[PDB]
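If you want the building blocks of each chain, they are given just below.
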Amino acid sequence: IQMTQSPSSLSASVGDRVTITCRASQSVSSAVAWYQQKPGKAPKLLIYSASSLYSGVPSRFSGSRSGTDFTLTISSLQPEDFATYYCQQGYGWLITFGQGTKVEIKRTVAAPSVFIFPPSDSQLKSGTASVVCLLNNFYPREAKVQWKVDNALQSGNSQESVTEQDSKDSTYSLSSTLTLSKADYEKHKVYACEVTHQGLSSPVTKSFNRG
Amino acid sequence: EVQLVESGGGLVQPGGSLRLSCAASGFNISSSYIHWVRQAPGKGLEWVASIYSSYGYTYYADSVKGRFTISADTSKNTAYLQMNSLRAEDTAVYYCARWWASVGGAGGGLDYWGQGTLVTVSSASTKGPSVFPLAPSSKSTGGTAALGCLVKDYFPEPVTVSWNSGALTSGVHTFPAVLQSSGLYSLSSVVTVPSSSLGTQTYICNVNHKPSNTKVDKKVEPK
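The listed protein sequences derive, respectively, from chains A and B. No gaps in the numbering here: position 94 of the first sequence is 94 in this note's numbering, and each next residue is one more. No gaps in the numbering here: position 68 of the second sequence is 68 in this note's numbering, and each next residue is one more.
Here chain B stands alone, though its shape is the one from the complex:
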């Protein structure tokens, strides 16, 4: 298994510095190029940097020329991206990726990626969310009943919601967070079920907010 795991992001104030790590397994990072690709919220892909660790050859983009530096420790098989003088336009999800090459030299592409890591550049403060149950109702409309959870008043992104620790998946709809008038984020995550099923199986939503170290498992119930 070729695997790449990012780490080291989160909230950082403007003008700050942050070092992201990309731990690689299943291959030696000296074998290939290692790339950093960033994506602003609701925008397109943008190449940040690339490194050949074995020979130490660096390659950057003009947007991050003087501030961003890409390092690599083969002892740890880990790439690093240190970012200085961070502006608000640096707010993005940062992926690390491996470049594979056509054996001939035709050109190749990024075959394996990481999960990405959100880097928010903002003077605002981290705040944990509050989780409230959106309880099922008397209504039955098509014989359908919805329940859910409301994660409210949190900074920054992201939070992750699952239902019964990922066991419950069908009928789930988790909505994108929306910036409130408060300057804080808040979202909902609902699940549809048959009305007769309400008395049988239990429903728990797991809310996770790592910038605040908030882990809540809230049980939703009728009435």
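Chain A on its own, in the form it takes in the complex:
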């Protein structure tokens, strides 16, 4: 017995009606359960036996069965409902999980706050250099950060990482790190990160001069 979960992911505004469906490879009884998992935390039981709400779960979550299909529905999507939702078939001696549906919120466009951090002296004494560019509460998640050392566009020497969607304002934040040798860091001087994002008419550049 396997569970095919659709959709893979979805995007929806606050207040919308969202539905997630699991189909069973073989016929199953109403022994389906629905869990919600926020990033980096344990899953939380939302619904048991297909249609029954666990206590403490808001009424906006509901479960239904249509033969071999099982549906979890959020009547009015809230910003805190951003999560990966899983379906489980089983009775306690064997359970199988669905692949999961990642649900993120749609909201108005927000422009990133952009900050730049030069390497610490403590790190330069270690023989390495890390310059960090930070983008704060931007939506949508799509954005480009370009590193300019002495007004020369670099490539292949920087790695970025993005937080998961905020649960109150439904925004994202990004952090790009340009990693250079203390030697190559000290051979240049001007360090800038240029951010291109939808909420920015003209791209924004934040920079510093070494020393």
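Just so you know, these hints were derived from the structure itself, not from any lab. Be aware that a few hints might be false.
[As the list claims (entries may be wrong)] Listed next, the stretches of chain B that the computed footprint assigns to chain A, with coverage defined by at least 3 CB atoms under 8 Å from CB atoms of chain A: (1) 45 to 52; (2) 128 to 142; (3) 147 to 161.
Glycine residues also receive a C-beta, built at the ideal position from the N, C-alpha and C atoms.
Assemble chain B onto chain A, guided by the hints.
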């Protein structure tokens, strides 16, 4: 309070063995089924095992059939998951959980879980991170100033970062670690504040890396 605490994970070399424990309180583990659920990094839930301790009935999945064994000591109210011949695909967060049942027999679900415990299967070595301050700048853009910490060159996951021992929480953004070209992990954790507040309250980031037994409380400051 029904509580479940996992323990016993960390770094283990391929082909090794590791015994995880799940200490339970608020109920007797003979009352219910105890489950082990694993999750690969950035992947879905996967059921590993289940036990009825009172009668000793075991239940496994085909992926961990011959190697993984699930035990239970009612004297200690503790479940155990011993894992042998560990492969790289066993790298995952392992949760223990209690199964609750609809009183009628409708079917039920896992109501209470543990925090999980990371099990990394890799020949690489444990290395402690280095914590560097990302100092605030002269800039004020919306009147905003960011400060933060950079935890660098560490193996394996995870590290935990908090600001002023959890008292500072608003405006905090801690980013997922990214595998460097070094084969080591490194991440950042920043916090946004008003520029005028810089001279008033102090900011300390607490970095914790248990595989290395590294606890650092670094004070971030202007200039």
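Next item on the list: Count residues of the region 45 to 52 of chain B with a Cβ under 8 Å from any Cβ of chain A, then say if the count reaches three.
Entry: Coverage by chain A holds for the region 45 to 52 of chain B (5 residues, Cβ < 8 Å).
Notebook entry, point to check: Does the region 147 to 161 of chain B contain three or more residues whose Cβ lies closer than 8 Å to a Cβ of chain A?
Noted result: Our answer is that it holds, as 3 residues pass the Cβ test (under 8 Å) against chain A, meeting three.
Checklist line | Proximity test - 8 Å, beta-carbon atoms, the region 128 to 142 of chain B to chain A, at least three hits | finding: Contact hint for the region 128 to 142 of chain B vs chain A: holds, 9 residues under 8 Å.
Consistency note: the structure conflicts with none of the earlier hints.
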